[PDB]
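Read the single chain below, which is given as structure tokens and is the form deposited without benzaldehyde (HBX).
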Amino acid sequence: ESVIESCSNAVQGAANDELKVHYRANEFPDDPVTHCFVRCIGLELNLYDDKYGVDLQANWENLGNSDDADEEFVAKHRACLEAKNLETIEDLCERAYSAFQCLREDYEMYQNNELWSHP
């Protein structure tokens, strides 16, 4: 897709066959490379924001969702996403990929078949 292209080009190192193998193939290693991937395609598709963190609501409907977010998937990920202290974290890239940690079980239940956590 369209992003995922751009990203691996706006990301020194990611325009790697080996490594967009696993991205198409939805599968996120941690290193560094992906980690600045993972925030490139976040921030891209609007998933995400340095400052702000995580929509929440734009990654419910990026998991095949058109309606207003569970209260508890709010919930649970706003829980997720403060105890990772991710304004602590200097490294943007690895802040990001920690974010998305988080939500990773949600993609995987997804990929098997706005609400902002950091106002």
Contents of the next structure:
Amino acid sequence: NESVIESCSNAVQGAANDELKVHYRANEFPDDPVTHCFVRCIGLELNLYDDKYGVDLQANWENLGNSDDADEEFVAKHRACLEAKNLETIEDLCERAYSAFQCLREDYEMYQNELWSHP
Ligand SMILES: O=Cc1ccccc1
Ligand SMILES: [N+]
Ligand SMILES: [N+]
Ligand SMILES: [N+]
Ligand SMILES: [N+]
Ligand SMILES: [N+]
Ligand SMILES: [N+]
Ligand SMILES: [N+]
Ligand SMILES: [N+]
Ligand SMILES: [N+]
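Moving from the form deposited without benzaldehyde (HBX) to the form deposited with benzaldehyde (HBX) bound:
The complete assembly is shown below, putting the previous chain first.
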């Protein structure tokens, strides 16, 4: 939603940027340090992500237009994708969040046309 986007653009140094905000409202998130932190900010604010507990897969399932329990294969595939990113070894919190987000990026794109992954 606009609110969280506006707030995160202010919370993140450099993110209050016309050209980047154009991408963000268009659901594109370039692989750059400002966007990394912006993506982290949105994940934290929407309760989709946590620096320690990783991705909440049920919350993302629901953010993808579902109101039911996540499909088992959705959970399994993303848990595996996320484990493969070795997030706990990424020291920079924004880079870690962006890397975790990359596991869900396609789901969000297909949609656009708690199940913490690290309990
Ligand atoms: O901030 C990281 C993140 C991860 C998964 C979904 C949304 C955001
Ligand atoms: N902004
Ligand atoms: N952030
Ligand atoms: N949060
Ligand atoms: N959540
Ligand atoms: N539900
Ligand atoms: N549910
Ligand atoms: N359930
Ligand atoms: N399932
Ligand atoms: N991981």
